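J.: The lines below spell out each chain.
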Amino acid sequence: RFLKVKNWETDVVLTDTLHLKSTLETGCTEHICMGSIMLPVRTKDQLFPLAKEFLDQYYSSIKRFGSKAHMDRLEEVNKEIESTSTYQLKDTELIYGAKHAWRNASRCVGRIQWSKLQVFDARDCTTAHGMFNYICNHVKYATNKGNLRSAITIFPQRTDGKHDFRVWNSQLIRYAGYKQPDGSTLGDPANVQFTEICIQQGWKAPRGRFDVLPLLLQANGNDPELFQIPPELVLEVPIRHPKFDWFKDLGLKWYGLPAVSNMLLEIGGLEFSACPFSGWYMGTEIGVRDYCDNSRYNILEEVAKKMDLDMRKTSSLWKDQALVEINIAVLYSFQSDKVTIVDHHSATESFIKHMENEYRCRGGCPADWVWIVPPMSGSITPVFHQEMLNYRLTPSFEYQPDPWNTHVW
Amino acid sequence: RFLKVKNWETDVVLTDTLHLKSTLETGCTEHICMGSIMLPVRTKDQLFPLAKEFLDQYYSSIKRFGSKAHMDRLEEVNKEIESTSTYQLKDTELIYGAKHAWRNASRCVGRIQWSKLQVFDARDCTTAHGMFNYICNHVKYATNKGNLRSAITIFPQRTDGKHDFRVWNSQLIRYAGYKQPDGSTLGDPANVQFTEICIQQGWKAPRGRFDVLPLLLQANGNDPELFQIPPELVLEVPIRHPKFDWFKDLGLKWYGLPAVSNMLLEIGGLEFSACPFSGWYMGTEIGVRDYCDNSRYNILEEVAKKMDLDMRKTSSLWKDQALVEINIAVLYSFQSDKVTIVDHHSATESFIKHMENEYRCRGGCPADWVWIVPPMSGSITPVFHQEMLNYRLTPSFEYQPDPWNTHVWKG
Ligand code: HEM
Ligand code: HEM
Ligand SMILES: C[C@H](O)[C@H](O)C1=Nc2c(nc(N)[nH]c2=O)NC1
Ligand SMILES: C[C@H](O)[C@H](O)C1=Nc2c(nc(N)[nH]c2=O)NC1
Ligand SMILES: NC(=[NH2+])NCCC[C@H](N)C(=O)O
Ligand SMILES: NC(=[NH2+])NCCC[C@H](N)C(=O)O
Ligand SMILES: [Zn+2]
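In the order they appear, the protein sequences are chains A and B. Those letters in the first sequence? Residues 299 to 338, 348 to 716, per PDB author numbering, in order. Those letters in the second sequence? Residues 299 to 338, 348 to 718, per PDB author numbering, in order.
Treat the hints as calculated values from the structure; they're not laboratory data. Incorrect hints may appear among the rest.
Chain A side only, calculated, beta carbon under 10 Å to chain B, not exhaustive [as the list claims (entries may be wrong)]:
| no. | residue |
| --- | --- |
| 1 | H329 |
| 2 | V348 |
| 3 | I369 |
| 4 | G373 |
| 5 | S477 |
| 6 | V519 |
| 7 | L638 |
Virtual Cβ for every residue (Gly too), placed ideally from N, Cα, C.
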């Protein structure tokens, strides 16, 4: 019932009671753990309970659990569901839900900032052009001249599933990926398929290495449209090294605003299929994953060469040595240009603090170790030695099929 | 029920059917994953099934399933069980059992070597002095002057739980740890409690930074006894760096033979509480964990200073830079002294090949991602990008309580 988690470096032991309020499944079973697997419309009857569960936690959060207001609201929503087969959240409920979906995101190491989320209610939006406007405003607000501010923009909830709002991009801002005749890949291999669905749509791609993709926005279930994010709104950082002047020659740059846009936000049974959100980068995301993954910009060898390291045998740890230098470059570049960014040591330390805060004020904190531990220097960060319990709490952010595999033009 | 795992770097997808043979539990439920939790006597009733299961797997592997030999053996065992409440494994079965416990060890990244395990049958052992001798032979055989060979020595199985054989040490070779009155620790902090027990039992502690601990051996449920491993049998490697001549001045060194000695080997329902086993090190075990964990030797700062790195702000990644150099030092020193060792890049690439092979020839490979991924440079090793399924098959190696917590002292 009550589970405990120990940190093997500090001996601190926490008791988890929050998992008792878990609803959704985890992919795991008493017989098999799938903790390392990346990816393990509602009816009136289904919706009622979800809405009730949500309202209970909401009113409980405002110290009005069981109050007339609570009962009234519950009755009101109940009537609305029976009638409209769905319901609308109050602005207050919307903000609470979004903040909590972030609070409940077990794979996010940056949750100590959860309560500071800026919520942009775009539920009144009706067209793709309207979505573009809302998105540009989000980008400008969150970028804030490099002094990044977390934010989320929430478009209209799902209805019948044939009038869904969707942002086809996986991130508001990402670099293009095109398959060369050379057999190689120019730009970001991760975005080849999406890039081709755009280019196909008429996008005149400079067919370069770091070309900002266009937004492909889908409003009310209609076919998506393209738009070029005002260049003046896309903050980018040229990557150079504090010691290797040849580094800048590598010709590397990355954008400053990480804005996941293909997820689905669920609050009280309601599904918000277009809910782009953004925060700021943890260095390793760019330096380790985006730059060094073999299926991404895969730049290790080239950097190793420039460093003139013995790349004859893996045991010289040339990959490791290079990895560190690259990551030092990313952090240096961002910091130099006054753009918000956090190193993995600092971020993990704050997550440990957040976990403790969460355990005492809330009884726990769902966390996915596989995702929380940074992709480099694992055991050198405190989270590596921290036992974590992963479970699903709602409101939540969920994965959802890429639209081009569901859309019917 | 077929379960598929995908590698996100190569798109290769594998199907697992082997998990169906899993009967033990994981600690997880459909509502909570305990994948990152370190630690999530039998009766005739329960022993019969366990024995049959094992013998069936054994006879199938030798292509004699259903043979008369298979049937007679089952008959022989059950009779022996009802007759004595337990049973004895044939030599062949023990070897098969030990090899498979290794093959089924989900936290081990070195399993591509599972079939080459050298098994030493020490089931005829009756005393602690006898255990010492078997252990000395195991160390000399496994060390092989630096050309390490994997081995395991198996002492008598548990009977009534009152006559257990146990190796009180956590590893056959490990350095003492001493808590100082000023609160600091001399040596290895992970072994402070065991070191205290040794001293209490009579060990005269040299009180240095790298003192090899004495063996504390328990035979047949009796109080444990102390033995010193012949120094000439303990291979050590002074740690130096190929470019930084001051590294050697840190006075670091480590032993070459990693030999876990506190786990329990379960085969056919039988429990072998003393089953020390050894392989060879993956560099990061020493370089990242033993040397850089804050609760171990914790040398990152010192190394960092000597390298004159900006230690004012973490964003300099001075911790990361020093960590890399230290691991370069460990590999280089072992290679120079011609002592077997494998870097994490090489070991993980080998595990991926082993895992794919296992899926094809066995239908799966239980693996604990949390343990398999190296403690440094995770994503630049292939295992990071590999989805894995964690489940428990027997034969298996299991954790067991430290003996000082359960032992009934005879005096
Ligand atoms: C303020 C700075 C923030 C930091 C430093 C941070 C950091 C991280 C990191 C490093 C990851 C893993 C990224 C990856 O490997 O792809 C992550 C994942 C995630 N974060 Fe945060 N985050 C921040 C803000 C946000 C915000 C504002 C939200 C939502 C409102 C959020 C929701 C999530 C979710 C749901 C995931 C998992 C996404 C997936 O499964 O791909 N994060 N975050
Ligand atoms: C041949 C060389 C070997 C290599 C390179 C190898 C490598 C490793 C490594 C890197 C670990 C993680 C250790 C830690 O973090 O403490 C591990 C764990 C493990 N290995 Fe292997 N191993 C080898 C041989 C063996 C042998 C001979 C056996 C058994 C017969 C074995 C049984 C296990 C088990 C059961 C664990 C988990 C131990 C625990 O929970 O503390 N390994 N191995
Ligand atoms: C297979 C495995 O789940 C996958 O390679 C992982 N991806 C990620 C991870 N962690 C983060 N933060 N992001 C990932 O994409 N941990 C492991
Ligand atoms: C809490 C967490 O499970 C613990 O810190 C871990 N220990 C280890 C690990 N992996 C290995 N190989 N060895 C460990 O001791 N992964 C994580
Ligand atoms: N810190 C964040 N909000 N990250 C969101 C995902 C960004 C992704 N990991 C990237 O490297 O582009
Ligand atoms: N490769 C092995 N067999 N390792 C066994 C565990 C050794 C332990 N991790 C150590 O650093 O001492
Ligand atoms: Zn699990």
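J.: In ascending order, which of the hints set out earlier in this document are inconsistent with the structure?
T.: 2, 3, 4, 5 and 6
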